[PDB]
Amino acid sequence: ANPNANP
Amino acid sequence: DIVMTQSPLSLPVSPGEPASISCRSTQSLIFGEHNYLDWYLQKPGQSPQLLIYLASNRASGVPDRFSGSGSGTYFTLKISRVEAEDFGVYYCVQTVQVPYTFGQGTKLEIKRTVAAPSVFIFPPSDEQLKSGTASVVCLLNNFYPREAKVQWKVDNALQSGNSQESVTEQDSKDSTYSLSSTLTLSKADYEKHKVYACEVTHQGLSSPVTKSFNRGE
Amino acid sequence: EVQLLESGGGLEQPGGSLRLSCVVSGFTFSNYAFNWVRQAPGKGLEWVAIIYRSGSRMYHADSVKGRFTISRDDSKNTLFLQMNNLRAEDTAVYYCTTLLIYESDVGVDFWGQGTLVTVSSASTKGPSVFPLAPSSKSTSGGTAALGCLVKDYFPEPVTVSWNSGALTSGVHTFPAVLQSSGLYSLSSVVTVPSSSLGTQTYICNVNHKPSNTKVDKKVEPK
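Chains as they are written, first to last, in the entry's author numbering: chain E, 2 to 8; chain A, 1 to 27, 27A to 27D, 28 to 213; chain B, 1 to 52, 52A, 53 to 82, 82A to 82C, 83 to 100, 100A to 100D, 101 to 214.
Computed list of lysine-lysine pairs in BS3-like fashion (alpha-carbon distance at most 30 Å, straight line):
(1) A:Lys39 <-> B:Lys201
(2) B:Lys214 <-> A:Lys207
(3) A:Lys169 <-> B:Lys129
(4) B:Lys206 <-> A:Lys183
(5) A:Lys145 <-> A:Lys169
(6) A:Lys126 <-> B:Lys209
(7) A:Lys188 <-> B:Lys214
(8) A:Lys169 <-> A:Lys74
(9) A:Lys188 <-> B:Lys129
(10) A:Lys183 <-> B:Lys210
(11) A:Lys183 <-> B:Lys117
(12) A:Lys126 <-> A:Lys188
(13) A:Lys188 <-> A:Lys207
(14) A:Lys169 <-> B:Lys210
(15) B:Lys43 <-> A:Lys169
(16) B:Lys214 <-> A:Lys190
(17) B:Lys210 <-> A:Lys190
(18) B:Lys129 <-> A:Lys190
(19) B:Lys75 <-> B:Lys64
(20) B:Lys210 <-> A:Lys207
Hint data in this document are derived by calculation from the structure and do not stem from the laboratory.
From just these sequences and the hints, can you work out the full model?
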């Protein structure tokens, strides 16, 4: 996933 | 990889009318409680701008005309009433799995009325024939919509593979397109034939139009 | 003000190397992942690589894997893309971008302005300009058109004006097409009323700064 979109 | 399929590829919309763009994935984009799909708008000569993030959340500063929806593999961006500044190419991108992949892009066009092209034919110049090559150009001027068929015929022989087409962006004033098609031949191959014609088929024309010439008048 | 400023692009032959740099200001560089995204001329966006804020996690796209290397120097708040074994299809504008940053329940996203990388084996060449003249019969129907064929130049761009930039109405300068020779080609046409034909004279002004060439080709019928 996108790390800057905190999962 | 994950394949992002956008539809449609071209979207002509009159200002004030709604627009809808879809984005399809070949694999679910869910991770946790979010769908990892973002919507971007890129205007010519500018960097892409975030419109919708995580499928349905409007980015800061984006006007209320923009909204996003969908889940799993099907997502939709909607403009309730398009305005002049929303024209451009829209991209979706998934970030649930690397490699990140973009859609092909959806070009939102200006829906004007139908306009027939003005067709012009240009023989190769005498200067260029002194280099060994001949270029024949066919001009389609100020037409709409974009869909148009240009065919080259040398002595009633349909050409294939030795021509290239190039179309301008929609004109900022009248929202029309213009198209050029260049037939490239050697100087020897050019002088072996006499009649050169480009045949144009377009919606604004009731019947195809042919403009031609003969070598040396 | 956040700013992502790219540099290091330009022209290189196939098999050569370039190193792109993206210096991030007004932004806590060390805390976030960064991406490289490229866009071939007229084509779409293609994701290239990602490096996480840790620095130990990084990924590259299949098309560039083994040739490009993403890296970061947190001490200078700068992102890098080392481009080795360059290929023609690597020609594109390259953007550094964080992509989506989602934290404290708000979504933000920052992009650089992009830097152009052109990969080609051709030598710099100024263009040849050949007139495209109408038939004298094609000018009777009120308006008449004429233009210029800009052939065999490298690299992009060329700029084309009409009468030294005075004439702008009805001018369409077409996107260049990369020929099989590795040289670009375009045409620029302009429709003008057949009346001012004898009265005045229309000239196209082609300018190719990479070759320090300027050409003015008068365009007239028959």
